[PDB]
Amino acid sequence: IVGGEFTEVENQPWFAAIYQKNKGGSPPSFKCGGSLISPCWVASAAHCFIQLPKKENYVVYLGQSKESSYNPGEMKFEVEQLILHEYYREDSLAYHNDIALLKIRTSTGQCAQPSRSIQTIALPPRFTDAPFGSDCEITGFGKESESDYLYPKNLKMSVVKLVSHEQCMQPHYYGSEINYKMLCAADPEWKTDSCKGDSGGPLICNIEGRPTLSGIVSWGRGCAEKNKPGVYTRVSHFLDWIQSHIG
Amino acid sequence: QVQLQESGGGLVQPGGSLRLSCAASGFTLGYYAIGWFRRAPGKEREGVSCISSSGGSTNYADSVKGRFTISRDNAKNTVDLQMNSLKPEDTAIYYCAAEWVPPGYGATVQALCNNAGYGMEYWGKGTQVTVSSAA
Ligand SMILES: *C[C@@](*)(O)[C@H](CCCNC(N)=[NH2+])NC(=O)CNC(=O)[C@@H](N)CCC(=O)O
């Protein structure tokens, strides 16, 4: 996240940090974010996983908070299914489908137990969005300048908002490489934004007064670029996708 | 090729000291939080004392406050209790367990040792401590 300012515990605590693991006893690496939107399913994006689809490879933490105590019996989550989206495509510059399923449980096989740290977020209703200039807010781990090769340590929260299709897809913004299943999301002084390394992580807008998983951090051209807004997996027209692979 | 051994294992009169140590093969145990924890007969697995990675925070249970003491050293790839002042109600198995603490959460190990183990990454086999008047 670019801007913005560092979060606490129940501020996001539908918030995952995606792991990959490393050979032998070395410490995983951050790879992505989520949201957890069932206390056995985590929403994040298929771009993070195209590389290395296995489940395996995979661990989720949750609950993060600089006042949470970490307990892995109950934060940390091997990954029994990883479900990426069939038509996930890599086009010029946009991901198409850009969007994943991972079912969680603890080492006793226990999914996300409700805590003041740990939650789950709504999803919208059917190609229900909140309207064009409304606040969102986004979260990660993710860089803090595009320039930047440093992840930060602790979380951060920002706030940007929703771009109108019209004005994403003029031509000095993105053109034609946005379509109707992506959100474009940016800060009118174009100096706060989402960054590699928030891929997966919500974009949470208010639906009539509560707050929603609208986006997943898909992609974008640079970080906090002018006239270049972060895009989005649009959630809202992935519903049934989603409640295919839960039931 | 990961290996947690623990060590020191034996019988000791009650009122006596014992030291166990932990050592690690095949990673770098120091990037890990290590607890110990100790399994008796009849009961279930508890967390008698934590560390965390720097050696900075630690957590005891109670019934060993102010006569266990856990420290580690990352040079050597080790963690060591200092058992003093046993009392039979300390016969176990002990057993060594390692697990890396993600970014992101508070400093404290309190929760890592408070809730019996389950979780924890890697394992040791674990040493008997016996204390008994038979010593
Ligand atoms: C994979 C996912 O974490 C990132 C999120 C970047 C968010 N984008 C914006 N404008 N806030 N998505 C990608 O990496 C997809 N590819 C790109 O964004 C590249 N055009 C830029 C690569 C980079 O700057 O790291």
Given for the second form:
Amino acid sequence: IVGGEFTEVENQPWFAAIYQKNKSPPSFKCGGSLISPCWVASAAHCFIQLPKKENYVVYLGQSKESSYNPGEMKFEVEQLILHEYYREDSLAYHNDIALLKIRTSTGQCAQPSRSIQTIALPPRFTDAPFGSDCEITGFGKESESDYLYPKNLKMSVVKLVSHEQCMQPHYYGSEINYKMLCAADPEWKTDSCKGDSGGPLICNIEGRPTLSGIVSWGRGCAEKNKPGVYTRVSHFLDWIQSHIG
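Could you present the same protein in the form solved without its partner chain, rather than the form solved in complex with its partner chain shown above?
So it's only the chain below, everything else dropped.
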């Protein structure tokens, strides 16, 4: 994340840290969200290159990347489901959404705690009004050209950008569509970045925190007229329910 602040997972207990195994401790691969005690939602493009589930481990309750967090829960991935109509067109990912069924080494899934909670899915086709504050979090770099990672969870606030603006020529134009949503800071000072993909965009809907977006893509990071682009979760509830449901 560019801008925003270092934060504890208590502020974002649904954040799932997804690591990829090496041949050599696992490397942080991308973010995710705990939508069910046994199910985590992340971005499909995180996994399209090496889609075998054994390549990945999932940690819940992590404020610190690649070190031990008290309260941490470690999970193997028993099901790794990528959206079957996923595609990459231009710089955009379409149907960028993935499901991760998680289980501990003893066969359990997430146990609710201060640092580990589920996030509510939105109602069908329902988003917050455009211009609404939504939070984004993750282990991503603090600028696109930074060599280092902050190694520590970051959280920030962006505003929903209407499809009508976002599809304007000096914004994305037609390389976005209606099953994506844009989010940006009014003066372009904060945004999701390198390492944030798969992570949650949380809006307030019907008086509850709601997974509204999944960090997908965007041109450059916190750049004028170039909002962050997120998988619009409210259009994937049937697909989600066809699996976990």
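If you superpose the two forms and keep the largest set of C-alpha atoms that fall within 1.5 Å, you have the rigid core. Numbering follows the first chain given and starts at 1.
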Single mover in 74, 144, 78, 137, with Cα shift of 2 Å or more between the two forms when the core is superposed
74
For residue 35, is the CA shift between the two forms at least 2 Å following rigid-core superposition?
no
Given a core-based superposition, decide whether the C-alpha of residue 192 shifts by 2 Å or more between the two forms.
no
Large Cα shift (2 Å or above) at residue 212 between the two forms, core-fitted
no
